[PDB]
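One chain is shown next in structure tokens, namely the form deposited in one PDB entry.
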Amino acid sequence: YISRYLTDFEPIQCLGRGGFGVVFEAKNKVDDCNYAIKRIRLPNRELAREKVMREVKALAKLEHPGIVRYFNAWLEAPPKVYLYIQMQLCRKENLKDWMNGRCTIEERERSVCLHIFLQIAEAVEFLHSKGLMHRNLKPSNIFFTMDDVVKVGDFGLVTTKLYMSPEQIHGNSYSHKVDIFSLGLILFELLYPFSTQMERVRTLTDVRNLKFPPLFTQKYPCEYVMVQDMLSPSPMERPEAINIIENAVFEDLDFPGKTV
């Protein structure tokens, strides 16, 4: 049996694993480029398989600066069926890692944080404009290109329900507004650095319930209002992504070192 993956690629390293998947870095022999390659073991559940095959077809249609870049997908059935998905390789340190390496207020300058958040919100607006939604938006699903461009995807590198909408936690029906709730918590977290995991969990739990640290509300009055709105218990009361992106806080963002 000839494996397409083993024939066409030189494996470099395992990047991680999660759910049905394992992710590798591998070099394509013909084009000489390194890619991230996710190998998904197709489940023994026909409805779960139906979803997987639908999801790959959907992702293949997507093209946006803030969405992971798609190259190829194929199936292998060695004498277990595997779905391989080949994407543009992102940096090893994701947004969660990035925030954990910037634990002081000086390392979370407002304009830098808003620049990163804007890119996330723009990726979400893109999905919503296509009648799609993310459903699992969180810092561990937000990576960077080699040039620090934000990339949103479903990475599945398991190393949480903290960013999940109340309606999803309760197993109720939902709409694209679930992504707005996630965005609210991410905006807060970008602006507010933590020194411990315990502090992070305690504070984000409070913020979910619209209880904010007083020093955040004072330093960032405009963003405080935005987060409040995005975290509305009622999905109807949360703003659309387009209205978030058009907010005055995102105008003329600049910082020393920003790409010209």
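What we label the rigid core is the largest C-alpha set whose atoms superpose within 1.5 Å from one form to the other. Positions refer to the first chain, counted from 1. Compared with the form deposited in another entry:
In this overlay on the rigid core, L215 has a C-alpha that sits less than 2 Å away from its partner position between the two forms.
Once the rigid core is overlaid between the two forms, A48 counts among the residues whose Cα shifts by 2 Å or more.
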Second form
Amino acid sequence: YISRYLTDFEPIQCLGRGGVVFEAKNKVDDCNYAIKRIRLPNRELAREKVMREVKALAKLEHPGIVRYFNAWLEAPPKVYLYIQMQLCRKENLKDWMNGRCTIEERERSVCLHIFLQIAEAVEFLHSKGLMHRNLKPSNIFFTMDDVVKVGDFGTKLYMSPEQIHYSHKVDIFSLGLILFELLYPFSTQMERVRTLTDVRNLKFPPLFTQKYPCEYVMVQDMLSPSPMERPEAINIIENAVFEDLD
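In place of the form deposited in one PDB entry, the structure of the form deposited in another entry is requested.
Shown below: the chain alone.
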């Protein structure tokens, strides 16, 4: 038996655990790619649902969506689906925040620029009738050219309550926390978990509300306990704060 993957690629390392993501070099074209390997479900209608997904997702092109290349099936001696995506930077949004722990390092322009890219990506999906469902700093990447991409789709800190215990409004909740986290640097993991757990419950640090009153009202709208009351992604983009950005 000849495996497409082993034939065409030289594996480099593992990138994601699970649904597994490898880094591999294509032999013909000499580029490195992120390759996700999914073990397909064994029942037919479960597979058919997954295959209908790759078909819808294949049509996706956007500056905030990671670039797609190829999708194929293998059945060695049960069945694996392989997905070839562009390889992003080693350091993700979580890595980025961790190396920048002072408010001087969290420039208001840079952070709103990063956030806007994520929001624009989510608006894109929502208009196609899709949703991400998996937004979080560790699953937000930069390209070799520092363009922000939302990560894999299709820790529960960034999950909306109705996700844990439901519509596209789940993505809106996730955005809320990311916006907060971007503007509010942390010193320790301990602090981070405590503060973020409190923010989910609308208990904001005073210094934040003092410094970013505009963004504060936005985060409140995005973190509404009633999903109905949360804004759409388009409303977030069409907000006053996203004007005159250099």
